[PDB]
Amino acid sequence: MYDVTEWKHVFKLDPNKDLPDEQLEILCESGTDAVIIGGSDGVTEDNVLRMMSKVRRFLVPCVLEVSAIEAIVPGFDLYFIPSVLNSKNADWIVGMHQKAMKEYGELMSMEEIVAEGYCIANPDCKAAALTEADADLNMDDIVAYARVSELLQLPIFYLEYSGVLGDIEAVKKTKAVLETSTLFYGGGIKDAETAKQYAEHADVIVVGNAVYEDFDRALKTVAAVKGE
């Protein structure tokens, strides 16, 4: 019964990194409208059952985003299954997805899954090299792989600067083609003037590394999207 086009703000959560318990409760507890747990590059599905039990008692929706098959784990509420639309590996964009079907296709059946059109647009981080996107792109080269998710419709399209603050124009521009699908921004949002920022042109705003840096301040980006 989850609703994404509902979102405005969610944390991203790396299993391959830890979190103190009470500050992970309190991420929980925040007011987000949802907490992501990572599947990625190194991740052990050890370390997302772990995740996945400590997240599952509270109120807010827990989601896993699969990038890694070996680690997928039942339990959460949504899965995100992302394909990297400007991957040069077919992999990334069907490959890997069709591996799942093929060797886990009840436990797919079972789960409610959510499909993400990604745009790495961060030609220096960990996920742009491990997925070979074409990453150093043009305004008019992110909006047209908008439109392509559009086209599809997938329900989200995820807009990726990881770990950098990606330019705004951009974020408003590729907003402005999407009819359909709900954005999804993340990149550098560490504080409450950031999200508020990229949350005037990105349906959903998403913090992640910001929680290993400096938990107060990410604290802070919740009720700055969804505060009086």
Given for the second form:
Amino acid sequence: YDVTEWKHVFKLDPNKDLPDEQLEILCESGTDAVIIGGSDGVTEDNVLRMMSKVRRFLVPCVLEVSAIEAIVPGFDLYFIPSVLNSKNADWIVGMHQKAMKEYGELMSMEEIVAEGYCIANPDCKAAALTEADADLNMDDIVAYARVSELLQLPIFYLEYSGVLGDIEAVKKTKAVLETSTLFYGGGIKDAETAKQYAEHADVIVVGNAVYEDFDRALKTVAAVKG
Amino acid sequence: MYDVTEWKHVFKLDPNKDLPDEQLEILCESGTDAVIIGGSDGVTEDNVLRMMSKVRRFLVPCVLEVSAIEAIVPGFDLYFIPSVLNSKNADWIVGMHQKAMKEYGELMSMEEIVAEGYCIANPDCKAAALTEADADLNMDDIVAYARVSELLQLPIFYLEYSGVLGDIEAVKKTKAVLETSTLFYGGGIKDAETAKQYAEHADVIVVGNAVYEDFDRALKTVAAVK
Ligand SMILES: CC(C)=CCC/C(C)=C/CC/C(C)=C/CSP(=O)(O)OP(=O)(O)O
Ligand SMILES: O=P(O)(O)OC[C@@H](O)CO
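Can you return the structure of this protein in the form deposited with SN-glycerol-1-phosphate bound rather than the form deposited without SN-glycerol-1-phosphate?
Every chain and every other molecule in the complex is listed next, the one we just looked at coming first.
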């Protein structure tokens, strides 16, 4: 696996229900990965059930860890978020230490990847939970980008949740990021918007839209790889 | 840049104290692999400066361990930016690094920087009060902090005990789990034999305050490790 060659990804939420016909269609759309997310309140049994539903298809299935209890074996990849702009140590390192203290063994039998998370949308569920200073200036965002690239993180995930983020903030971030792979998530609900950001981000993430209007989020893939 | 993986012994100097006579010189031509300018409480831009001009003339690498942004001085071969993995204050984990990237970005790109995973393991010292470190830890805690250090990609994991010698057994176990980063052990080393004993597991032993209390004896630690 190599994220430096991805262009598009779907982020599903084990918390919501998706008709299996649609789950099947996404896995076989041409996307580069299907990431199982879950901002919060995620249950182990929903992750497990999803993992078994997507394991058959060839696309790499990724687990985005957000709760120790939700760790489940069987995924091709494991992404460990590290919220860089959190005012709380638990979301940067703390929760990460409790996890290694508890599953340090199983955390050697998988390909794990650290993501430098930058939550730039101040009004979403994610920014409230992590006590993130999510209201940032272009120069704040770019500095976090820098940090991530200093700490050397395979990924810098610029996160804007349910809203489209500033295309300029994305263009610059990309400019400082020499080694990290920039992921952009936030408001991409169609081919038009997918194209705009894909031009600046290495990878664009499409989640919510999948639930809102499936038919049209499906076009984000062809829109950036067609 | 210089490769710390090839190092074994480093001397750590306090810019807020100066060595008598030709001592800085003997120390700089001793056989040490690097001379680190660090410092406690508050370091000053004036002290760092005076040190930097003094040590930069020798072939040995000189390093600035950036404890405070206000002491960021140009002229060093390397800058160690530490993240205190066990701190309760996000400032000490990433908050500083982002400040420096926001106020001194251009200076950053033109210097060779290295992130170091600090783990303050002595709950009774300046450093721990200063960083709000959850400094009371069993080998298990410490071992887990080192695995976070590696997930996070940090090239160095600094296990620090300050004024006291650390558990020889926490050193061997952390050395154990470290697959791809260098183990710096700092703490209470003031002689050849104690030096000899920690060099068995730590990749690098740091010798700090012992050069002020007993120069001639701190100096023997180099031979005792090579
Ligand atoms: C347990 C461990 C090793 C580390 C802790 C992991 C951390 C820091 C998790 C928080 C990451 C979050 C909430 C990301 C946004 S998910 P989303 O896009 O799904 O948000 P939404 O549900 O749509 O509101
Ligand atoms: O919520 P959206 O608008 O889909 O953005 C993707 C999101 O889930 C990234 O964390």
